[PDB]
Amino acid sequence: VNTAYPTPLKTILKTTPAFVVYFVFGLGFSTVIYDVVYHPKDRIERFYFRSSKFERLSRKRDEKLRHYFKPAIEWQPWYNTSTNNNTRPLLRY
Amino acid sequence: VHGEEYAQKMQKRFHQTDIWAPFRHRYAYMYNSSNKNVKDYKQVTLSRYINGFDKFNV
Ligand SMILES: CCCCCCCCCCCCCCCCCC(=O)OC[C@H](COP(=O)([O-])OCC(O)COP(=O)([O-])OC[C@@H](COC(=O)CCCCCCCCCCCCCCCCC)OC(=O)CCCCCCCCCCCCCCCCC)OC(=O)CCCCCCCCCCCCCCCCC
Ligand SMILES: CCCCCCCCCCCCCCCCCC(=O)OC[C@H](COP(=O)([O-])OCC[N+](C)(C)C)OC(=O)CCCCCCCCCCCCCCCCC
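First to last, the protein sequences are chains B0 and BG. With positions in the first sequence counted from 1, the corresponding number in the deposited numbering is that position plus 1. With positions in the second sequence counted from 1, the corresponding number in the deposited numbering is that position plus 117.
There's no promise every hint is true.
Derived EDC-like pairs (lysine to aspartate or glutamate); straight-line CA-CA distance at most 20 Å [stated by the list, open to error]: (1) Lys156 (chain BG) to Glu56 (chain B0); (2) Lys71 (chain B0) to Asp135 (chain BG); (3) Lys65 (chain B0) to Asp171 (chain BG); (4) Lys129 (chain BG) to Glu64 (chain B0); (5) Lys42 (chain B0) to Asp157 (chain BG); (6) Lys156 (chain BG) to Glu46 (chain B0); (7) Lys172 (chain BG) to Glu64 (chain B0); (8) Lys159 (chain BG) to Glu64 (chain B0); (9) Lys153 (chain BG) to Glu56 (chain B0); (10) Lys172 (chain BG) to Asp36 (chain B0); (11) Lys42 (chain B0) to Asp171 (chain BG); (12) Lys159 (chain BG) to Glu56 (chain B0); (13) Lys153 (chain BG) to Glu46 (chain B0); (14) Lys61 (chain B0) to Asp171 (chain BG); (15) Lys65 (chain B0) to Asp135 (chain BG); (16) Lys156 (chain BG) to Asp63 (chain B0); (17) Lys156 (chain BG) to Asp43 (chain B0); (18) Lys172 (chain BG) to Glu46 (chain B0); (19) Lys172 (chain BG) to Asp63 (chain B0); (20) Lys61 (chain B0) to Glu121 (chain BG); (21) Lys156 (chain BG) to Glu64 (chain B0); (22) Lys156 (chain BG) to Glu75 (chain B0); (23) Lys172 (chain BG) to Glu56 (chain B0); (24) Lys153 (chain BG) to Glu75 (chain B0); (25) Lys71 (chain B0) to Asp157 (chain BG); (26) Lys159 (chain BG) to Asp63 (chain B0).
In short, the hints are calculated from the structure, not lab data.
Isolated chain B0 (complex conformation):
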């Protein structure tokens, strides 16, 4: 009762370890990319251009308010640095 592998399958299996190593490396690379892009945001944030206009506005409203509105409304003549190293305009001209 020689329950050996079929000849074609046995021939095919020779290159399988290369496939396994490739899968190991590819999974490592994909997981590293996923973790690198996941940790800063605590999630896989959808691409900005992959969203509606209203969704984009809602997403960026908080950032605009925190970065521009508050300094703009709390501005004082002596807050600006004398070295002219100020934040760039949102729409650079």
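Got chain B0 sorted already, so can you dock chain BG with the ligands onto it with the hints?
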């Protein structure tokens, strides 16, 4: 300081005020006239790899 009339003339921009035309140095074009990165260059560079830059708008 120069005069109330002078200040009023300086501030006035349109004869007819029925139309609102905000002043802009330039008009946004990319991303359907929006800003993808409302941040500094340093923040834009770092936030893609460092935690704490995103404020979790939820
Ligand atoms: C000997 C004497 C002693 C010497 C002493 C030396 C010095 C010792 C250290 C001293 C100082 C200690 C200080 C401690 C306190 C301060 C810590 C601090 O500031 O950090 C807090 C800081 C912020 O704190 P926190 O917010 O509370 O953190 C919570 C998490 O961030 C929250 O996580 P999350 O929920 O957001 O999830 C995402 C998180 C979760 O992601 C993970 O890190 C989890 C694991 C992801 C997958 C890992 C797969 C790895 C294998 C893939 C396949 C490889 C095949 C090819 C290589 C051959 C392998 C045999 O990922 C990230 O944050 C992104 C980091 C990406 C890491 C990059 C990939 C790591 C592997 C590198 C591979 C290199 C190439 C191969 C080398 C081959 C050599 C033979 O946290 C971090 O940023 C943590 C970073 C961790 C990096 C990964 C660490 C390794 C994990 C275990 C795997 C080890 C593999 C080794 C392989 C060896 C083979 C031979
Ligand atoms: C013959 C020698 C062969 C050597 C083979 C080595 C191959 C290359 C391996 C590279 C990957 C190693 C990853 C180790 C873990 C890194 C963790 C880390 O940086 O934390 C991120 C975390 C990210 O956390 P974070 O994003 O939350 O940080 C922001 C934190 N707040 C908001 C509070 C400001 O960063 C920190 O911990 C901050 C301090 C970083 C300090 C600099 C780290 C440099 C690491 C260099 C490692 C070099 C290893 C050389 C080994 C040589 C052996 C001989």
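Report task. Sort out whether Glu46 (chain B0) lies within 20 Å of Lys156 (chain BG), counting only the CA atoms. Result -> holds (17 Å)
- Below or equal to 20 Å on CA atoms is what counts here, so check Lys172 (chain BG) against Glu46 (chain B0). OK: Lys172 (chain BG) and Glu46 (chain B0) at ~13 Å, within 20 Å.
**Request:** Given the hint that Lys156 (chain BG) pairs with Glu64 (chain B0), test it: the Cα-Cα distance must not exceed 20 Å.
**Result:** holds (8 Å)
Taken at face value, is the distance from the CA of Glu75 (chain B0) to the CA of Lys156 (chain BG) at most 20 Å? Holds, at about 18 Å.
Checklist line | Holds or violated: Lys159 (chain BG) to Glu64 (chain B0), with C-alpha atoms at most 20 Å apart | finding: holds (15 Å)
Please work out if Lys71 (chain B0) and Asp135 (chain BG) have their alpha carbons no farther apart than 20 Å.
Violated: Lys71 (chain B0) and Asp135 (chain BG) sit about 30 Å apart, past 20 Å.
Straight-line alpha-carbon gap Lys129 (chain BG) to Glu64 (chain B0), limit 20 Å: violated (33 Å)
Under the criterion that the straight-line Cα-Cα distance not exceed 20 Å, is the pair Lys61 (chain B0), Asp171 (chain BG) satisfied? Measuring from Cα to Cα gives roughly 11 Å; hence the hint holds.
Next on the checklist: Just to be careful, I want the Cα atoms of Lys153 (chain BG) and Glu46 (chain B0) compared with a cutoff of 20 Å; is the pair within it?
Outcome noted: holds (13 Å)
- Message: Hint check: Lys61 (chain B0) vs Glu121 (chain BG), CA-CA at most 20 Å. Holds or violated?
- Response: Judged against 20 Å, a Cα distance of about 40 Å means the pair is violated.
Self-check item: 20 Å limit on alpha-carbon distance, applied to hinted pair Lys153 (chain BG) and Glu56 (chain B0)
Solution: Holds. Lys153 (chain BG) to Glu56 (chain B0) sits at ~12 Å (cutoff 20 Å).
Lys172 (chain BG) and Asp63 (chain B0) were given as a pair; does the straight-line alpha-carbon distance stay at or below 20 Å? It holds: about 9 Å lies between the C-alpha atoms, which stays within 20 Å.
Consistency with the previously given hints fails for numbers 2, 4, 12, 15, 20 and 24, ordered from lowest to highest.
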